[PDB]
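Next up: just one chain, as structure tokens, the form deposited without the ligand.
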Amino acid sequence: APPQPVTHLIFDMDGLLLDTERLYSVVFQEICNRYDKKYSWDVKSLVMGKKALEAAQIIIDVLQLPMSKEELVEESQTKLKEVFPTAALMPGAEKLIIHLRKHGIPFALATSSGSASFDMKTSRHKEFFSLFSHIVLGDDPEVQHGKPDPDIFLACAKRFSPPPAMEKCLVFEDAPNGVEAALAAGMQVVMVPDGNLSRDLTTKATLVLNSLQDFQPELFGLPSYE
């Protein structure tokens, strides 16, 4: 469907604004390989956008790992805490966010990451995340399930004042679960997937781009870059 104008933007964090998915990947690969299993792209495609416990359970079930979701979360989080602060902004992220800010376009963050993980990941980036109108995290009491459940995006949209119609919201996502959550919420979505994701999982979004650098805001009725 052709892109329609929007007034409010909602961003994913992991893999979209920050390069944190590579950190998850290295840690889960190390754990999976102990058990002679490969933490592969098909598995990643299932768990990106999920809350930590949800993701862990899926990894365990799909790869048949001999652990509980609680054990996998505890171990992986212990390892990830050491490296989360090294997260870096993705290409085009700063340019876009600063542009939206200048033009007073409301935008917010909607991430399945919990509080502690968010705090660690954003250690070097507090000035960037301070530009968001508001932030909804995965441990928000209003949000029961991770993506592809639409609740995190619905909750995020409802916290703008005044709240927009969902159809005037534009989501930015790197993950197929996030694309599905946006569509289920009645929102348009720009996907910026890793090119290793399958064709089937990267042909559902309103627009699919190789980089945020390629996003043309005017396509959605927003101001062009200066």
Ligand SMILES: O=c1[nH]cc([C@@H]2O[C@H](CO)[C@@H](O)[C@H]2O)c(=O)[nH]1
Second form
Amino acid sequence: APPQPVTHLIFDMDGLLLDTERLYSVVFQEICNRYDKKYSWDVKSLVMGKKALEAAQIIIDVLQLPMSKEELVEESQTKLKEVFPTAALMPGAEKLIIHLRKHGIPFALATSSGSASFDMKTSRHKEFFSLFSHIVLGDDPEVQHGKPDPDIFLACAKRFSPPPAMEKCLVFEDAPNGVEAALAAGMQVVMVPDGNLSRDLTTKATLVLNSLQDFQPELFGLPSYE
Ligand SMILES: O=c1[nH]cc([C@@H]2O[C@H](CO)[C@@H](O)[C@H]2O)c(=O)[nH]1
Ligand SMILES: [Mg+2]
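Structure of the form deposited with the ligand bound, given the form deposited without the ligand:
Whole complex next, starting from this chain.
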């Protein structure tokens, strides 16, 4: 389906705006290794976009780890707290966000991350995160499940003033679960996947790019870059 114009943008955070997926990978690989299991791309593809407890349970079931989801979340979060503040902005993120703000294009953030995790990750990028119209987190009372449930994107769109039709919203995602949540919400979606993700998991989005740097806003009826 050819790209159609949009008026409101919704961004994922982890792996899309910030380089935090490699932080999760290292902590989960370290935990999995002690059980002689490999935290591989196949497993990672299943859990990006899930809430922390959801992700933990999947890791445990798929890799048959001898722990509870609460135990895996506690241990992993304890380790991640030391590195999350070092999160860096992904290529193209700043350019795109500043462009939208300048042309008055509303945009918002919809992340399955909880409050503390979000605070840590964005603690050193406050000027970037202040430009978003609003933020929905995974611990929001309105979000019952992580992506691919559309809850989080629907909640996000309904909080713009005035609220757009879902079909005029464009999601940006790095994860398959997030592309599926956007489609389930009735929204178009730009995917910027890691190249290690499978072909099957990277061929569902409206547009698939190697980098945010390659996004051409005019394809979606937005102002071109000056
Ligand atoms: O490798 C991983 N990446 C991401 C998550 C989860 O998804 C959210 C962001 O992708 C994050 O909050 C965590 O629950 C995970 O558990 N493991
Ligand atoms: Mg993501």
